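A.B. asks: Listed below, chain by chain, are the residues.
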Amino acid sequence: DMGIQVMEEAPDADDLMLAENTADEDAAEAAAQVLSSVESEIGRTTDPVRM
Amino acid sequence: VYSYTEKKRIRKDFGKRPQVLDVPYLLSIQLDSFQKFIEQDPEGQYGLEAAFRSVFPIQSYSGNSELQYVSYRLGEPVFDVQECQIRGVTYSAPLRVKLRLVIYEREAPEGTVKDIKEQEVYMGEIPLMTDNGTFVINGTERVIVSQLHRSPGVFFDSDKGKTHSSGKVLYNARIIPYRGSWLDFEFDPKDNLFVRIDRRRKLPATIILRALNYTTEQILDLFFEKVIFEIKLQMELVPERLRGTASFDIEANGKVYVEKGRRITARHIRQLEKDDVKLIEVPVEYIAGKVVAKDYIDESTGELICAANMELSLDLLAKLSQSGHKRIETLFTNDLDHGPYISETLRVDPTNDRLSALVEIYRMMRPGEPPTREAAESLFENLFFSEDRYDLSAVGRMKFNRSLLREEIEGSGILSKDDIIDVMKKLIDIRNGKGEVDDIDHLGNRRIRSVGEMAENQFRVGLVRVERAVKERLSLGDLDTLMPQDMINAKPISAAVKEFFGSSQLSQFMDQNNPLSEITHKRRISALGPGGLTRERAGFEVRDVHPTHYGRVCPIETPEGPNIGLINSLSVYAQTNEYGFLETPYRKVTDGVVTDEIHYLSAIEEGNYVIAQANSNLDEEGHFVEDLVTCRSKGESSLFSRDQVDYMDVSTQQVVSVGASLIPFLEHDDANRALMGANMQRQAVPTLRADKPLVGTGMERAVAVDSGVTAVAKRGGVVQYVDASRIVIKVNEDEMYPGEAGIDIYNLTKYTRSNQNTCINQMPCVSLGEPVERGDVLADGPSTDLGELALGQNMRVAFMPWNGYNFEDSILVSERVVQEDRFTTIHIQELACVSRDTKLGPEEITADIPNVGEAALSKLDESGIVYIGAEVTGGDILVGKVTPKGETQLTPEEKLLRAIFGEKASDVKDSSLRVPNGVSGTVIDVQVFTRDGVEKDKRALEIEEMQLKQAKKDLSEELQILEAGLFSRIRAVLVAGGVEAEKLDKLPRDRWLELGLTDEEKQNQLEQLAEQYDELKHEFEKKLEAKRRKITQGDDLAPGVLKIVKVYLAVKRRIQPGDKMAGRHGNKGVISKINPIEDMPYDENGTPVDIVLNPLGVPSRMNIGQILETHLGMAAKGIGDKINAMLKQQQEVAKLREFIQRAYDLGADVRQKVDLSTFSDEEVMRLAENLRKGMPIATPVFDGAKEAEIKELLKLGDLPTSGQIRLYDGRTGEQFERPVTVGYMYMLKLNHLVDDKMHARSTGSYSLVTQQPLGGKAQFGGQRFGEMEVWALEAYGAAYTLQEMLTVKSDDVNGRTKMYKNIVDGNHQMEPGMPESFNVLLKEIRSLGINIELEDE
Amino acid sequence: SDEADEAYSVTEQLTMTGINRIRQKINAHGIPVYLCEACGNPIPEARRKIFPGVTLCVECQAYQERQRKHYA
Amino acid sequence: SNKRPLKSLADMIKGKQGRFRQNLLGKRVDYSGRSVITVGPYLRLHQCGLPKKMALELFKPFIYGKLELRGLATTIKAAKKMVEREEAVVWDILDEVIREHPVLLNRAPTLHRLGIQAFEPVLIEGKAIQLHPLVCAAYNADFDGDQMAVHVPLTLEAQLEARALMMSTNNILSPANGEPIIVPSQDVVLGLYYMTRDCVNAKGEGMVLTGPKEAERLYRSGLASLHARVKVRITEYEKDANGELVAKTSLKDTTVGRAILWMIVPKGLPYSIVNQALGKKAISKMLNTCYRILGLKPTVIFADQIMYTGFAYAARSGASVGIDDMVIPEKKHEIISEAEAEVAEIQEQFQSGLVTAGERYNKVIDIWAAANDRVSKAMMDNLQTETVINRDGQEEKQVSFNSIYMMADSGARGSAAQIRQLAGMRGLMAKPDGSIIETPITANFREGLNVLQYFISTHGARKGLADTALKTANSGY
Ligand SMILES: [Mg+2]
Ligand SMILES: [Zn+2]
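Protein chains in written order, with our numbering: chain L, 11 to 61; chain Z, 13 to 1349; chain Y, 37 to 108; chain X, 3 to 479.
The hints are simulated quantities; they were obtained by calculation from the structure and are not laboratory data.
Heads up, the beta-carbon is just placed ideally off N, CA and C, and yes, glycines get one too.
Check before you lean on any hint, since a few could be wrong.
In silico negatives: residues of chain Z with every beta carbon more than 12 Å from chain L [as the list claims (entries may be wrong)]:
#1 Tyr134
#2 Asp171
#3 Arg211
#4 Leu254
#5 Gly380
#6 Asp441
#7 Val449
#8 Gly551
#9 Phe552
#10 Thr607
#11 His635
#12 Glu638
#13 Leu902
#14 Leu999
#15 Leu1266
Here are some, though not all, of the chain Y residues that point toward chain Z, as calculated from beta-carbon distances under 7 Å [unchecked claim]:
#16 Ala40
#17 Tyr70
#18 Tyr107
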């Protein structure tokens, strides 16, 4: 969402130029402020079954 | 010597190269592969035996019970392929498997079993592949394409500089197992070797070398060379090391060897090695940059002065020197060649020993959990060296050993320490410049699956599913009376095979357009499918042709469009390895002599040899004639001496596929034109009457025979009886198989429907009392001609503009081609009327139809079905069906209407089956299927009695033909030795199975043949009984359907504008005019040109093959017309023999030879009559006719050598200036017809959820006016055009009806309202928590 | 367009750009340097007659070719 | 009941399967239909041959209204049955309804707004749509199986938007750049080039014709040849004024075809417009100056007359293509021997350590490119001229009437590079990586390639086709 588009293989040189870039930057700040905090709490979970 | 069906018409053959390996059976892939699968492997390693041995013997919970696999067999099917296609099922066989259950008591684990039980349980049905490599899965005929997937083994690949900014390439090596974890090594941009285990977190690569219980001294012993200094400060020297830019100058013995600063060179290396310089001296400062090699301690305290892999500085030099240290070992870490990588990796490497390394591995694999010594060691050993969790298969170990360049093709299945250390050395060597990466599209990394292996995998999946249930059921109770029939239900074993053969990307409808299309579709390799790459992730990687494709995959043939290079076709002589890797044959070359025997080489072996070219001239003793012969070594082609060459191509054709081997003069076409020409030859629908190519190659007979379209003899003999439906052959007595009756019958496949609605129909070729030999074709299949592949017709084409009528790619066809019905194709299509039971009652196939007024019901018989023989048009009622319904309260004025006319309501819809629009054929056939509940109607009992009489007549007629043949053979047995030759015919034929004869083994023969005819009688009887049972038994129709009536409309499509003709050289077009024959160009003899073409197409599209073919067809037709003139004036066979034999030996040293001198005088008249239309000509693919032989063959006729004659205009009759090229090009009607495309719609059906017009021509749909068309409309000002394309013509349900009412009212105005798409959008936003609304206007 | 004519244009551009890159790498017209810019050695006469305007002897040239083979 | 997620409200709106993407703009539309386009070279720029069956389906409500208006059908049901039987008066009603009623022709990749144009339907037999030749450039449509979708404007306002706005005779200039988009393509330019192209000694040399009528009457009776330099009396009208159009007559030196073609050119155009060979750019500039002088009506008329005369005199040209038309130069094997000697010498020097490996690779790639240039130059200088005699009797060189060359040089189709591959040598071939295989194709297509060279060419061929197949996917991003 940042967004950086986590892939499996490296993109081609043209796929960088052609790939539209969206969308800064409020979601940029929100995403970064979540990621900076996620590393601290380890027990965090989302499944209702695990809870 | 010529085959008897070959002397009928001998194709003259250029192609001077003599043929050594004759073309294989083109369908060897499918048939061999499915042979290995369903077949009794005694030493089970293939097919079903391997899967059964892999799941069994199942052993019960605590070993109380054991389910043991005894054997299998395939029960014979219920219906054959024709009956399967009619009835509509998969033609398969039951897999009856004899199993065994043994149960154990206490104190006898392996001890004596309390009891065992034998039983043959039935586990699913496997579909049976027909004699052509095709399956019948749901009545339709599938083909399972071969797959092309990466193999297990070690792969060395780099990012080629894309990843890092500097560009520095980063090489990785991946050990992909068959099953297990993916060990991978890869460089860091700092050139540190890392290792990741399953695409997990990166660890230092030497962490795993410590995990394999090495230390740093051992690692540096493995990866480096020890530059040993001694003691002062003397250096032992390996002169090869200092290649050079040289640090210290060089000196020994004090005089000089080299002065400092200047780069070290090969001359000075020569000087050092020549003067035998072992020990030189370097200063105390040059040793300051090297790296220590091993441990070094002080004896005084036993203290470590320096470990291994530790930087060596002047202080430590002094400290060792004072310790009496004479020896020092340093890493030979050059910068260019012997790069230091393990040194830096051991720097970054935090661990030190096997314990801490194993702990690191454990933390990476199973993270967060507190590790132990034992748990870490167990995880690591279970990674790669426990046999039940890591398997390099036989292929995997072959490729792993061969890729590391070892000579042990066979080996273990688990890794080892050495299999990792060799991988790491090869990685580092690729990084040092010695060695290259692997190519991914290299065909030594990819192997092929086929039906046998994919189906075997699905069967193993089913077997594991069985093993679950059987283990648990032997867990509970294990009680006696529980047998191996209750534990195994056939549904989930057969489920995977059914799902695969029906629902898979590789099970796909065979393309039956013509025989060539089937032959190519079966010899097809696919990179897609479950197990290979996907279309989204491919590349850019494997679309490309690769040098290892020579002889293995056709570089020409592949689809253009969404997947180029993802679907290649197998080459002509390509084969599959033992392991599954493609390979190709080469004639071995001993010293200079080109030996005859041939070895098959795969892309792995084929590199390191030197392989001559197939077009390399040779002496008669097998020597080469050129000193430097052009051959391709590992990747490139250069001139090698004749001594060096090891192998030679088996033929000139061996690089192409069977599709692209049928293009004459393929060498003269741009490669993409060849691609298009092959792909379009796949699409040529068969014309009404076949016509062999005047300019072929000699591949046509092979493609026609090796496909299942033409009925070929099995044994020679005489044609006892011919017919439009059957051929009876009385075998030569040499081939009788003494128990047999003698004669064998071929029943032709008459007008039947292929997958593309074309007509498959076999025509007899032979005639009564004419010999045949085994392998001769009896029945010409669809689009073959006297045994040869004949796709289209050879037309008298002219190349010239002609009035803008062949303008872009158009074609200008003469009316004469439309008259001769040259491109008229019979199409066949089946229309189904399903009567089900609706929730208000069942629907009837009655003829008492609603309102339709006794004319539409004229065709229908009493039961409501059309007659077999009627010619319907679009709209006629094939099957009249009336459906129940409710009242529905007809509005007033409809109430008033029916009250004034008293025409009370029907209550029953007229949902009947009427012919689709635009088709007009004859109803050639009608099949009926009544469920066992529904009784039957008159037409059903009629068709059943007709099929009954046909089945009985077929069985009896076969049996009596066979009885007469067997009585002939018995009478030939009764000619001597207990002989009756003149009274043998006296007593009746039935008083001959009781005939007397002397006491020999030949009265035994008479009694044997008699009791064998008795066998014929009784088995004919059971045949009749089973046939009547099948014909009479009710059908297993889908749930709810009372009965299905299937009409088969046979249409005859004629050539018309908008149809797409096409040549074999990528020249495709579209008929634009059908010119009257007196409007076409003619020559000075009165002969119109059949088709006119644009000369502009040829220069830009560099396919001059169509020009050379037009010239050669002019020559061939000139020869043939000269023959026709002689044959029509009744010139004697002196004249015919002379001229035909003069034309059959033309060209420089052609391989073929014919001598009409050794020819019966009647076999030259037959041959002449077949050469009277034109002399067929062959031109092998890279071997064919040179242009000078075209010119000669033109001089043989009275045609001009130039190939250009002068033409006159049809309408005016004044000669075209600058003569034009007219010859015979062989055109093909592609299956892109103008009435399969022309679609239109004013107002029809509308989709349910989104109220738009339906999509497609079958739904009578509308046209997709999309986003770009909307931009085009906005770029004009057409605001109203857009508002009505979006509102009234699409989606505005209340404005479309008002527009219709207005248009019929003659008031062209729209009140558009609002689209239903936006209403649905508003409701769908409102059904979220958003409240969206339309404000006050 | 025909779908092979555009393919022709693509192939033409590809081969031409490759050909001209490998041509520009030659730099035939040049300066008589007479001595290596890496080791100062005498660039032998034949190498300056073959390639007018060399800057490296064959040893330093092949060295540089190895590195530029890998990358960077 | 699958492996895939369920679709939800947010999914019901978003995504290309959502409402906005392809249900709010891209919709299926009624009163429409597609077929397979053919040439129909007799039409004018404003019409398209509509098949009678598509026309009878699309215009159904209009026809029903007509039959019930004229009394030919009592009610709409009776009219429905009439046009279902396809009686004899439904055809007259079709002619009347269609008379001035444009149809929008649209081809699938609408890259610009010229991928939609209103045409007047001309009813034809068969089932193929007949599309004007000069419109294919706008549509990017060749006649090798492409298809077109026809839509029917339904309102008076949409009829007037098609007629007034999108009619094919209104859009003739590229909206990206005002050059006319009605440039004649390949049979047309080859016709106009063959006719407007003199040779040294044809029939009737140096007659003084009285004017273009007499030159045409002379040519058509066959007394003079289409390129026979004559003095002809030409009256050209020049608006050199406040738009006054003064006439001026003179005696020009032109071929007979130059003057035969002058008969079609409108008034305001000078005479130097047709007095040269008239390849491709000459014709485009001819239309352009006609547009800058005279406007749109004379330019549409001129474009149609140009297409008609180009097709007519190209058919009379008889311009075929033979095998003897690929004149391989005789100095081809000499040049290849010299280049082969140069690569052998460079390989000998490399073996003696005088060069490196990559250095010698560069050298040999350069040697082969240079020899390829010499062969291409030699073949084109052999092909681009021919000898001929003559008034006084001596040989005299003129531009070649070779057919492959005439097609490459008229601009009609082809160019000296494809000509080089046809008769010159093929050259060096690439790989997909962009590297260049240093074993050239010393063969052409008039000769053959052997199995190895035909394999080597496949590399670049498959690379180019794989790219063109994927560029087609995202053609309009
Ligand atoms: Mg097209
Ligand atoms: Zn140097």
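A.B. asks: Now look at each hint and say whether the structure bears it out.
C.D. replies: Do the hints match the structure? See the list:
At roughly 41 Å, the least C-beta separation between Z:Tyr134 and chain L is larger than 12 Å, which holds for a residue marked as non-interface. With a least beta-carbon separation of about 7 Å from chain L, Z:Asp171 fails to lie farther than 12 Å from that chain, contradicting its non-interface assignment. A Cβ of chain L approaches the Cβ of Z:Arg211 within 12 Å, the least distance being about 9 Å, so the stated non-interface status is violated. Here Z:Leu254 stays apart from chain L, with its beta-carbon at least about 39 Å from theirs, past the 12 Å limit.
Chain L draws Z:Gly380 into its interface by the beta-carbon criterion, the shortest separation being 8 Å against a cut-off of 12 Å. With a cut of 12 Å on Cβ distances, Z:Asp441 stays outside the contact zone with chain L, its closest approach being about 24 Å. Residue placement check: Z:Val449 keeps its beta carbon more than 12 Å from all beta carbons of chain L (closest about 16 Å). With a cut of 12 Å on Cβ distances, Z:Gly551 falls inside the contact zone with chain L, its closest approach being about 9 Å.
At roughly 7 Å, the least C-beta separation between Z:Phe552 and chain L is not larger than 12 Å, which violates its mark as non-interface. In this structure Z:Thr607 is separated from chain L by more than 12 Å, as the shortest Cβ-Cβ distance comes to about 47 Å. Consistency note on Z:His635: stated as away from chain L, and its beta-carbon is indeed over 12 Å from all of that chain's, at 51 Å minimum. Its beta-carbon lying about 45 Å from the closest one in chain L, Z:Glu638 satisfies the requirement of being farther than 12 Å from that chain.
Chain L leaves Z:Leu902 outside its interface by the beta-carbon criterion, the shortest separation being 57 Å against a cut-off of 12 Å. Even its closest Cβ contact with chain L, about 87 Å, leaves Z:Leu999 beyond 12 Å, as expected for a residue assigned away from the interface. Separation of Z:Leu1266 from chain L is adequate, the least Cβ-Cβ distance of about 34 Å exceeding the 12 Å criterion. Because the beta carbon of Y:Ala40 sits about 4 Å from the nearest beta carbon in chain Z, less than 7 Å, this interface hint is met.
For Y:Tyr70, the shortest C-beta to C-beta distance to chain Z is roughly 16 Å, which exceeds 7 Å, and the interface hint is violated. For Y:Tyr107, the shortest C-beta to C-beta distance to chain Z is roughly 4 Å, which falls under 7 Å, so the interface hint holds.
Hint compliance for this structure: hints 2, 3, 5, 8, 9, 17 are broken, all remaining hints hold.
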